[PDB]
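*Asks:* Here is how the chains run, residue by residue.
There are 4 protein chains.
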Amino acid sequence: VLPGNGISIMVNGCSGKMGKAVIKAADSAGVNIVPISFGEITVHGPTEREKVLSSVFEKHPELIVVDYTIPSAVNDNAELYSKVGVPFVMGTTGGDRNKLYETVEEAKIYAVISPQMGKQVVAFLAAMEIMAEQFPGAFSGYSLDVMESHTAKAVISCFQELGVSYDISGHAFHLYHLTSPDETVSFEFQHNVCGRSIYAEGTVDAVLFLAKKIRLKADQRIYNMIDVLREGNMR
Amino acid sequence: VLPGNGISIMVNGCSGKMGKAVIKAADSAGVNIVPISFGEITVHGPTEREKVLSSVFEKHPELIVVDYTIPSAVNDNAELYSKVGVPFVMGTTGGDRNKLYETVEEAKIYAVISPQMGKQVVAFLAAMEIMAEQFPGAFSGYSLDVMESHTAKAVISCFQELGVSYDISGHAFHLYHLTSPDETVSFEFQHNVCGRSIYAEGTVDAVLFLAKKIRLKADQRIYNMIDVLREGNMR
Amino acid sequence: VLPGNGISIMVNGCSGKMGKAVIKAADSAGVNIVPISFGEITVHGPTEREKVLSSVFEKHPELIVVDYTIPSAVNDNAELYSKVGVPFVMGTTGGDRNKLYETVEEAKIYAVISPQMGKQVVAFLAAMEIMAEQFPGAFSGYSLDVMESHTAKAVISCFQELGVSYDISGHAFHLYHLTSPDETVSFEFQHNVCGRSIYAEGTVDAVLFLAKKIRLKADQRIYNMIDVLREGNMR
Amino acid sequence: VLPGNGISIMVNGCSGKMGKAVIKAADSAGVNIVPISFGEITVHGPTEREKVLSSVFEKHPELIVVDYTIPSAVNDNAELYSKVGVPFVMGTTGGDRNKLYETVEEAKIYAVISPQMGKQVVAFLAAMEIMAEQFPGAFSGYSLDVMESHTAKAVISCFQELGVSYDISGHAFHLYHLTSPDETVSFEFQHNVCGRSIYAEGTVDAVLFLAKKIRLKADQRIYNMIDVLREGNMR
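Protein chains in written order, with full-length UniProt numbering: chain A, 67 to 105, 120 to 230, 240 to 256, 280 to 347; chain B, 67 to 105, 120 to 230, 240 to 256, 280 to 347; chain C, 67 to 105, 120 to 230, 240 to 256, 280 to 347; chain D, 67 to 105, 120 to 230, 240 to 256, 280 to 347.
None of these hints come from the bench; they were simulated from the model.
Where hints are given, some of them may not hold.
Listed below are several chain B residues computed to face chain A (Cβ distance under 7 Å; list not exhaustive) [stated by the list, open to error]:
#1 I99
#2 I102
#3 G217
#4 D294
#5 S298
#6 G344
#7 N345
Below 25 Å or equal to it, Euclidean Cα-Cα: the simulated SDA-like pairs (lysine to any residue) are [stated by the list, open to error]:
#8 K242/B to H289/A
#9 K83/D to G125/D
#10 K131/A to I326/A
#11 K90/B to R347/A
#12 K90/B to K179/B
#13 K329/C to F301/C
#14 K131/A to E209/A
#15 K86/D to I280/B
#16 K242/B to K83/C
#17 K90/D to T296/C
#18 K325/A to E213/B
#19 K83/C to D294/B
#20 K324/B to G252/A
#21 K324/C to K90/D
#22 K131/B to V67/B
#23 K242/A to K90/D
#24 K188/D to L143/D
Even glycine gets a Cβ: it sits at the ideal position worked out from N, Cα and C.
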């Protein structure tokens with residue numbers, strides 16, 4: 067019995083390398099994928129939007145849209161989902177973020193919105209944010225050195250809250289090096305991603321997460337990746 | 067105005083390389099160090129224990145003992161502090177741990193007891209324990225590889250709680289490597305300590321922490337390093 | 067003036083993810099790519129091999145074949161190149177390696193044969209082999225720990250020659289950790305590859321290398337990646 | 067049969083933390099240590129230098145001096161050894177280096193002079209220098225990032250010779289990170305030392321090395337750590 071069993075997604079972003087990875091991952095999970103898309121699959125022109133989508137959501141009431149698109153399209157693509165009344169999971173970056181949440185909360189529609197869908201990265205982030213809030217000053221006097229490439242903005246925000254001083281594509285690489293005042297203690301965290309699979313699997317995870325909240329007819333309609341993580345592994 | 071200003075410690079362990087590091091660190095903090103010790121400083125024979133110590137604690141009511149000693153001496157050295165009524169900070173390992181806490185709670189005496197006093201290591205531990213409890217399963221399917229040398242037992246306990254599979281001297285070294293199922297994501301944590309300075313500074317930290325709880329006449333008498341970390345930097 | 071300027075390759079392996087990366091890299095270098103292939121490009125059936133290829137090599141005398149194929153095809157695909165008399169660069173693994181060199185040396189034909197074409201990896205290898213031969217025993221008594229994933242067989246051969254004790281897809285990851293006897297010294301080497309671009313660029317490098325040896329009418333006909341590295345950067 | 071068996075050293079630097087580590091290491095190797103010293121052991125005033133030392137070197141013809149001292153004392157302490165005619169191993173930094181070699185080559189006296197005595201560090205250096213000279217340009221276009229603390242000047246000299254772009281106490285730490293142009297390949301070297309034991313053991317190694325060259329009545333009188341490494345492990 068697959069866990070995606072009984073769930074359908076529409077993947078608006080079918081051509082992007084991200085969209086593909088999502089398709090691959092959803093297919094593994096047993097999530098069925100409807101063969102229509104927007105701006120094997122039949123892609124659709126950017127007119128007649130409501131009617132194509134309303135009639136899919138009518139034919140597939142278990143449908144959840146996945147949106148991985150363009151910052152200019154966010155506020156537009158969200159105004160569409162809310163008028164049709166279909167839940168969605170959106171990891172796209174950009175747009176009037178305040179207007180985008182406004183749109184969805186007036187619609188009382190169900191959604192997961194997180195510009196970052198690598199759920200393992202989020203967890204490490206959240207730990208280092210809990211640590212910074214629970215144990216203020218614990219690393220007072222330590223220095224931080226960073227190497228990166230082409240997210241780490243919160244990480245430095247935490248280490249400052251912890252008392253430290255400091256000055280989607282293929283690969284990503286992050287290295288953070290904590291040194292003690294007398295330089296006799298070093299901590300080092302290092303992070304390598306090759307591909308977008310980690311983001312796919314987290315998108316699928318939000319999907320499965322969000323199907324459950326719909327089914328349970330939950331009162332909160334809008335969720336983030338931390339919400340997803342707290343539910344536990346649904347796989 | 068130093069923060070150790072107004073605080074005195076007796077360092078039972080004056081000859082151990084640890085004891086020295088504590089002395090060095092306490093001296094930096096402005097903590098005054100009484101020149102008597104047990105089993120520059122005048123070391124004392126293991127008889128007449130109560131009287132030597134009672135008359136120091138009478139002469140120095142702001143005294144806090146620091147104990148870094150032998151596992152066989154723990155339950156004995158604690159029964160002494162409680163009869164004199166002097167607060168202590170004990171990082172020694174071993175002994176009947178249940179009998180040792182029993183001894184101190186009957187005395188209603190003030191103490192910090194943590195076999196691990198590198199407070200930065202504790203914080204990382206606590207983050208990874210919060211993460212494991214808040215986000216069950218977040219790393220389901222990841223494999224863990226470990227390299228070590230001559240603590241990491243909880244770390245593997247967490248990563249199992251997070252869904253992962255797996256098979280005091282001079283230096284210490286720990287490396288932990290998390291790999292994703294498709295092996296396209298890696299996290300790596302690495303940890304090097306050279307010396308005992310990190311433990312000294314944390315012992316001093318518990319001391320300053322514990323002076324405050326005494327002064328404030330706090331109701332809880334027995335604390336651990338997590339308690340110390342939650343107070344914030346006192347330096 | 068591109069450095070691939072004036073050079074043509076045929077890429078037998080046009081469909082493999084490796085073959086693609088080679089095409090991408092050769093295109094950057096200015097290497098022209100003929101649109102025929104074997105077992120945009122027109123792929124050809126596995127019969128009439130000599131005639132198709134003889135007439136390309138007649139039409140394109142500056143042609144160099146690149147072969148990234150199947151171990152069963154090595155000894156066969158090499159017997160073809162030698163009868164036509166066309167230089168090739170082959171990174172495929174497998175086959176009767178002794179029979180494969182026999183085939184080419186009787187033909188007195190020009191070739192680069194290296195199952196490993198990431199030239200940067202080869203260099204590190206060669207350094208650690210020079211070190212092992214020049215400085216026998218230099219790491220006598222050090223221990224070696226290794227983490228890997230899905240090459241490192243020589244690396245351990247070296248470190249044994251240096252006195253140490255020990256027990280093509282998307283990503284690759286290698287970590288090697290040298291620890292001193294008293295465990296107060298650690299060296300750590302770490303190696304991450306995401307993609308096949310590094311192998312492409314080295315294949316192209318052998319190509320440019322081999323065009324020069326042909327042009328200069330050099331007496332040695334068969335080369336490896338070390339030969340390529342000693343020539344210097346040709347880019 | 068210890069390998070230091072039959073060899074005696076005088077350790078001018080008996081009080082420095084380095085000198086101690088050397089003593090510890092020489093004692094392990096079976097090297098006998100004479101109980102006189104300069105500027120258990122009896123330390124000597126800085127006058128009557130020649131006579132004290134001439135009469136030790138007369139009483140102990142197998143003596144080899146080890147010098148770990150002050151830059152101002154180098155040129156002076158070397159002029160002393162040469163007039164007495166006693167071999168020495170000197171890792172001290174500073175002084176007129178040209179005048180210091182001049183002094184020793186006129187004396188035709190036997191010596192090892194290397195400001196760096198961690199022989200394992202030297203080996204890695206020499207490999208990366210062989211690599212830079214044998215394979216010019218091999219890392220053309222790679223970027224280099226460096227983290228350090230309180240040597241690496243040659244390392245960057247090599248990586249520039251390899252085509253890369255770039256902008280004695282307790283602990284030491286070095287991390288070097290090589291990234292490919294498309295950022296899909298990373299190499300990382302990392303280096304941690306805690307203590308001076310690694311330098312001691314290399315000093316002892318030069319000593320044993322130098323006893324052999326004396327015994328064999330070798331024609332070259334002045335050696336470096338590379339010479340020591342090429343002999344092989346003498347332990």
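*Asks:* Are the hints correct? Go through all of them and say.
*Replies:* Hint check:
A distance limit of 7 Å between C-beta atoms decides the matter here; for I99/B the minimum to chain A is near 20 Å, and the interface restraint is violated. For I102/B, the suggested interface contact is broken, since its CB lies about 28 Å from the closest CB of chain A, more than 7 Å. For the restraint placing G217/B at the interface with chain A, the shortest Cβ-Cβ distance is roughly 3 Å, inside the 7 Å limit, so the hint holds. At about 5 Å, the closest approach between the beta carbon of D294/B and any beta carbon in chain A falls short of 7 Å, and the interface hint on this residue holds.
Against a cut-off of 7 Å between C-beta atoms, the interface hint on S298/B holds, since the closest Cβ of chain A lies about 5 Å away. For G344/B, the interface hint holds, the least distance from its beta-carbon to any beta-carbon of chain A being 4 Å, beneath 7 Å. Checking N345/B against chain A by beta carbon gives a least distance of about 3 Å; that is within 7 Å, so the hint holds. Between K242/B and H289/A the CA atoms are separated by roughly 23 Å; this keeps the pair inside 25 Å, and the hint holds.
Under the criterion of a C-alpha separation no larger than 25 Å, the hint pairing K83/D with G125/D is consistent with the structure, at around 20 Å. Distance check on the hinted pair: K131/A and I326/A sit about 23 Å apart at the alpha-carbon level, within 25 Å; holds. For the given pair, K90/B sits about 53 Å from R347/A by alpha-carbon distance, which is inconsistent with the 25 Å threshold. The suggested pairing of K90/B with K179/B is violated, with an alpha-carbon distance near 32 Å, which exceeds 25 Å.
Under the criterion of a C-alpha separation no larger than 25 Å, the hint pairing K329/C with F301/C is inconsistent with the structure, at around 40 Å. A hinted pair counts as satisfied when its Cα atoms are at most 25 Å apart, and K131/A with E209/A does not qualify at roughly 44 Å. For the hint linking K86/D to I280/B, the alpha-carbon distance of about 22 Å falls within 25 Å, and the restraint holds. At roughly 42 Å between alpha-carbon atoms, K242/B and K83/C are farther apart than 25 Å, so this suggested pair is violated.
In summary, the hint linking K90/D to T296/C is supported, as the alpha carbons are separated by about 15 Å, within the 25 Å threshold. Straight-line distance between C-alpha atoms of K325/A and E213/B comes to about 21 Å, which keeps the hinted pair within the 25 Å bound. Only pairs whose Cα atoms come within 25 Å are accepted, and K83/C paired with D294/B is accepted, the gap being roughly 18 Å. Taking the CA atoms of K324/B and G252/A, the gap is about 21 Å. The hint holds against a cut of 25 Å.
Between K324/C and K90/D, the direct Cα distance comes to roughly 58 Å. Violation of the 25 Å bound is thereby established for this hinted pair. For the proposed pair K131/B and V67/B, the alpha carbon gap of about 34 Å is over 25 Å, so the pair is violated. Using a Cα cut-off of 25 Å, the hinted pair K242/A and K90/D is violated, with the two alpha carbons roughly 48 Å apart. About 17 Å separates the Cα atoms of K188/D and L143/D, which keeps this hinted pair within 25 Å; it holds.
Checked against the numbered hints listed earlier, the structure breaks hints 1, 2, 11, 12, 13, 14, 16, 21, 22, 23; every other hint is satisfied.
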